[PDB]
Structure formats: structure tokens, C-alpha cells
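With chain A held as given, fit chain B onto it using these hints.
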Amino acid sequence: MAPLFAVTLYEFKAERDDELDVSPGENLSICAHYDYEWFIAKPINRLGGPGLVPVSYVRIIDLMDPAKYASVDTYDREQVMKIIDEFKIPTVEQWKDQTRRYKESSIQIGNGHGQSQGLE
Amino acid sequence: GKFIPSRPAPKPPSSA
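Protein chains in written order, with the deposited numbering: chain A, -2 to -1, 1 to 42, 43A to 43B, 44 to 117; chain B, -9 to 6.
Mixed in with the good hints there might be a few duds.
[Said to hold, decoys possible] Where chain B lies over chain A, by a calculated footprint (3+ residues, C-beta under 8 Å):
(1) 34 to 42
(2) 51 to 61
(3) 89 to 99
[Claimed, not checked] Part of the chain B face toward chain A, derived, beta carbon under 7 Å:
(4) -9
(5) -8
(6) -7
(7) -5
(8) -1
(9) 0
(10) 2
Simulated from the structure, these hints should not be mistaken for laboratory data.
Yeah, the Cβ is synthetic: ideal placement off N, Cα and C, and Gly gets one too.
Just chain A, with the same shape it has in the complex:
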């Protein structure tokens, strides 16, 4: 799938080590979903680690067209479903296995460099 991004619309404070506090108006990076109820969003601004945030506390959008999926109803299991299905977003389990196997020793490419923007 493509590097989709989600934006928090409500302040969701973490509860356990498997949860990450978020605020309304923040930028999070989606990694996977869970039964179309929970979404795996990570911090983009600050630096800490991946957590867990419900779809009812986030808004699926696109860095290319954030105004396209800005009207969508994440709450509606139907809408969120078509989105996750269309974009072909991986699930939590799939994400865990992917990262686990990806971290292991295998073929890869050293070439490649990425960085974060910075203005004002």
C-alpha cells in the first residue's frame, strides 16, 4: 500500500505501554488496522514510539489530497472498510510479522536516505 497518514480529532490519553497519547490537530502515521475498529498511528512530530488509537479518534486522509478523505466517516465501519480495503492497508498481526521478519537477516538494499521537513 501507500504511505497513508491520519490526523487526530480528539484528545486520546494513553492507558498502558501499548497506548500513545494524542491530541486533536496532530499528525499521525497509520501502519495497520484491527477489525476496522482500532488504528495503529505513530508520532510524526515528536519522537517516542508507536502506540494504539481508535478510528473514532482519528481521521484518515492523504498527503496528496487531505480534502478527499476528510469528509469520510471513520466511525462508519462501512466507509473505513472501503478505505482500508481500497488502500490495501495491512492489519496489526500482519504488521507485527512484517516488522519481525523485516528486522531479521535477509536480502535488502543499502541505498536510500530519508529525512523530515522543517520550516519556521
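Just chain B, lined up with the frame of chain A:
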């Protein structure tokens, strides 16, 4: 994985 959200799915701010 440590990412098993077995918790319930919360609803949006509305009068159900």
C-alpha cells in the same frame, strides 16, 4: 506484538 486492542470500539460525540 504487544498490539492486541481487544478493547471495545468507542463511538463519536453524539446522542445515541
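Tested hints:
With 3 residues bearing a CB less than 8 Å from a CB of chain B, the region 34 to 42 of chain A meets the requirement of three and the coverage assertion stands. Given a C-beta distance limit of less than 8 Å, the hint that chain B covers the region 51 to 61 of chain A holds, as 4 residues qualify and 3 suffice. Counting residues of the region 89 to 99 of chain A whose CB lies closer than 8 Å to any CB of chain B gives 4, which reaches the minimum of 3, so the coverage claim holds. With 7 Å as the threshold, the beta carbon of residue -9 (chain B) comes within range of chain A, its nearest partner Cβ sitting at about 4 Å, so the hint holds.
Taking 7 Å as the C-beta contact cut-off toward chain A, the hint placing residue -8 (chain B) at the interface holds, the least distance being around 5 Å. Interface hint at residue -7 (chain B): satisfied, since its Cβ lies 5 Å from the closest Cβ of chain A, which is below the 7 Å cut-off. Satisfaction of the interface hint for residue -5 (chain B) is found here, the shortest Cβ-Cβ separation to chain A being roughly 4 Å, below the 7 Å cut-off. Hint status for residue -1 (chain B): holds, given a least beta-carbon distance of 4 Å to chain A, under 7 Å.
Annotation: interface hint on residue 0 (chain B) holds; nearest CB of chain A at approximately 5 Å, less than 7 Å. Interface restraint check for residue 2 (chain B): the shortest CB-CB distance to chain A comes to about 5 Å, inside 7 Å, so the restraint holds.
Hint violations for this structure: none, all hints satisfied.
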